[PDB]
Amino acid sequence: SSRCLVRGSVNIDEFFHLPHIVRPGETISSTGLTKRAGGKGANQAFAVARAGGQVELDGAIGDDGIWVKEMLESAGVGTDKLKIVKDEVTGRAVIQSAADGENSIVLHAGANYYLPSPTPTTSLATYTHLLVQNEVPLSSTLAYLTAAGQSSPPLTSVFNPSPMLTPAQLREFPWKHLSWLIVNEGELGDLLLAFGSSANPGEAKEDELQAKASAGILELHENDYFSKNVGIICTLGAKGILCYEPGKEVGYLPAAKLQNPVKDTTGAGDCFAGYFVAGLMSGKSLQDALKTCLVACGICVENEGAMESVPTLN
């Protein structure tokens, strides 16, 4: 019976609405501020739960984040391992929401980088799936992924390298333990660049992107810094997604058609990741799990919050 452990972050997201991203030396007034529950770990756990999967979140908040813990619990996310740290604050994402631009995010780790003393036993015994990102200490992500890959049988592990790791960290990462890598085209280019390639699908034109990202996936598969055992999902925004299982054809799925104006894509990638993991856990075929993801995160981009806009299974 499938059960997912999310080892990852919880953030209080602060959306500062701005005419443009602030430039060096500039002082600019936000037109509004919106606070929402967020964080790579909480967003993705919330999406697993909304998609119908059994999921637990392992991480830490401060006293000021208990309302996020309560939201997670009301969605069905298990929180026994979501520690409340005295004299610490919940991690924060300071998000500049530009009127006419990509958003920009500044993270403050806070409790997301707390590790309790002494270091306790963490068992993966009840879990079939692991979801990890990069908003907690990398050594902790590495430890959980290694434990997942060395279990008998190995867990299905899914990694989203956000925020991006340093090139040396990417080159030393234990890819052999990882079942699935989830990236967007810019993160795909970051890996290829760290691995000595000159390919960078993050720079392709929107018309060339499917082609360049597909070749980049196949190149990454063969790269000696990577591992041939890793499946790859590369999101291409509104231009769809690419899916690759080791040794197979790169598959392409177009994004679902929108039914309401695109509002905010924060956590739309997180929505996709949690729905993808829930699709892996459901016994669905990969093609069915991906089609459901596309409908879900399309709904998600129509609404405002990273956690609040994650749809239920429909």
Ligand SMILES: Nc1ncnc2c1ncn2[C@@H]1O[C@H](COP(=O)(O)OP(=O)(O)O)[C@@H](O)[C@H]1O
Contents of the next structure:
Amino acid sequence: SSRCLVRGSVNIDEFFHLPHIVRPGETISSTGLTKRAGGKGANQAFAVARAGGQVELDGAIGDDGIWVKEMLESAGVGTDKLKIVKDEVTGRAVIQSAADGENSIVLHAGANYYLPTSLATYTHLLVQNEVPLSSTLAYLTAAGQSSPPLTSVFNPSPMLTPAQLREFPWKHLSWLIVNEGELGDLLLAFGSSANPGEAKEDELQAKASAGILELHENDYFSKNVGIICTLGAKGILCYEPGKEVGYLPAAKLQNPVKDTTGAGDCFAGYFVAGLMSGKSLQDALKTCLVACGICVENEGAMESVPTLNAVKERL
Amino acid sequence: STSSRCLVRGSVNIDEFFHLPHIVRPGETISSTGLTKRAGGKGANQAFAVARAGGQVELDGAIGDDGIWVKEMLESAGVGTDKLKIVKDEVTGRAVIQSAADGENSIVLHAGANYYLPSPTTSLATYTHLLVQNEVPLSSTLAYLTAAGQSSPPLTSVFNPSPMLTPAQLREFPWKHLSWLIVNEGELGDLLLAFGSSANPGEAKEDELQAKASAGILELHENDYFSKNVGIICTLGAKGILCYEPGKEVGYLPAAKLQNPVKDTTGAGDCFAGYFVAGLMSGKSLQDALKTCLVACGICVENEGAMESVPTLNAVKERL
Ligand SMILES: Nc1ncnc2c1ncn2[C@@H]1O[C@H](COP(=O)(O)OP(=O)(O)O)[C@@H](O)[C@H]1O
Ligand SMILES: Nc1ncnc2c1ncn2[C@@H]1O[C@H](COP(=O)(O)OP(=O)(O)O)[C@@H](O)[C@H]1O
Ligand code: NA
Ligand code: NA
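Go ahead and give the structure of the form solved in complex with the ligand, now that the form solved without the ligand is out.
And the full complex, kicking off with our chain again.
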């Protein structure tokens, strides 16, 4: 029976409501404060658990993050490997929400970057780039050098440097999940002329399909890595290694788009869970799209992620 | 001549210093290089410095239970905390401060318990001096000034308008009830601008700053929106201070020469305000109060942190 390990981040997002973005030398009083749990690790782990899979999160928070740990636990995330680091704070995004509409963000890595694991009980590894890359590399290498090798899924967010991308051990990767702009960052770092980030909507699907094939056949990459490219409201592109590139449209929404926050983390978590359930690849993707549809119809990051029953009720 | 006792009506903050390359610009995302969390708040900082300077002081305000370690830090320094309430289901006020490598800082305040006002709505019976800022609700600051000014005899009340009040609030402010206004050059400009002046002492060049601030003080003194009984202190950072006693000349004193490199200038203004009130409380002459303030502030900027860099009176005496 399948079990996923997420090696990734936990963030508290702090929205300070302000008349205007604070200027240098200025003291200004916020008129309200909203907190939202986040982080690519925590979001995607939450989605895996909401989709019904057994998942554990490997990372660190501060004492100020226990309420997020409890939120993950309540959703079924294993948090036994979620360490509390004294004298560090949970990763933080300090967001200034101005009445001008203009926003400004300050990111603080915090306990996500704390650097002081047997993978034998795990079948899947989920990683991103919001913890130290050495940690992600070490976990990815360990998944690939296991007997048998673990199914590993990588979401390069935030994007790695061109130097980091070219020296990345892609041979150890079962799945790469990106959006069209992140696909363009990889192709650009690998000498490609095309960047499907600046594509027009009419060209997007075809140019991103071509970018997937080109990345597959690029010397810096590996030919054994499956590639999923998410396209927001246009859907997803999927390349199974050695098959043909498939397009699936986004699920038809039953409600207005409220908020697209967490849509890609919702996809990643539901995808790993679909792999763990032994479903066909296409059926795992279909469940992702329906889950992501519910996700963009609801407010919040984690809070918007539907339960499998909710996904099945729509299906 | 009675024993001096100071009531500080003001804020307690948990300060979060995010170390950044520059102050974040609208639309930009930027990563901090480090975070320092420390006790702060204008009320707590200034009350702390009064206690360090040897004065009898009590802080009147509110924290949340997440702030009890700040309350204990104040008690250890000799700040009286019986009137620092702990409000259930409330968090201590916060300052989110961008500390740029450039040098400039930017502060976002979250009021938290600092804006707790019991319903319904205090005696000033044993107090001679009242110190107030603007990090609690203005009605509370005003009610305390009214009470200080309506005592017999009236309390010596000192005001540091931080953060700056709105133009309307400044024009209806009871300046007649104030003994001392403590400001920096930028704040001096805010009052002047709110009172119909064209003078902009903050926007002056470094070569002319002392002269432009000196005139701005004399202009503020003579303004019909202000009051002629209020003494004015304008701090000028590394350039020193300006002092104005009503009807006298504006006096300039330079900053103390440092005996160690600059480590951190945060809290120097609050260190000054607290030492100034304590100097008044001791019955020292005004020049000796200011001279002690300057030496205290020289020590302050040689050390890290806001409260923790404030020297004890004995430490200041070793330099004098
Ligand atoms: N506007 C939208 N309408 C419908 N579905 C959406 C919308 N935005 C996102 N989704 C769904 O969520 C998935 C992931 O969204 P996407 O924007 O590509 O993620 P990312 O945050 O990585 O950019 C999409 O492939 C789609 O199924
Ligand atoms: N860079 C500095 N070098 C030396 N003394 C300083 C420096 N900055 C501040 N001080 C001392 O601290 C006092 C108050 O600092 P200032 O910057 O004017 O306060 P505020 O934070 O209220 O603007 C100054 O008058 C001076 O005596
Ligand atoms: Na998108
Ligand atoms: Na200054």
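Positions refer to the first chain, counted from 1. By rigid core we mean the largest C-alpha set that fits within 1.5 Å across both forms. Residues that one form lacks are left out of the comparison.
Asker: Have a look at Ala99, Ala211, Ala168, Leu138 and give me the residue whose C-alpha moves 2 Å or more between the two forms, with the fit done on the rigid core.
Answerer: Of all the options, the C-alpha that shifts by at least 2 Å belongs to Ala99.
Asker: Core-aligned, does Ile299 move its Cα 2 Å or more between the two forms?
Answerer: No: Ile299 shifts by under 2 Å between the two forms.
Asker: Does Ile12 move appreciably between the two forms, meaning a CA displacement of 2 Å or more on the superposed rigid core?
Answerer: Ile12: C-alpha displaced by less than 2 Å between the two forms.
Asker: Tell me whether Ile28 is among the residues that move between the two forms (Cα shift of 2 angstroms or more, core superposed).
Answerer: Where the cores coincide, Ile28 still shows a C-alpha shift between the two forms that is 2 Å or more.
Asker: With the core fixed, which bits of the chain, 3+ residues long, show every Cα moving 2 Å or more between the two forms?
Answerer: Runs 14 to 34, 93 to 107 stand out as displaced between the two forms - each at least 3 residues long.
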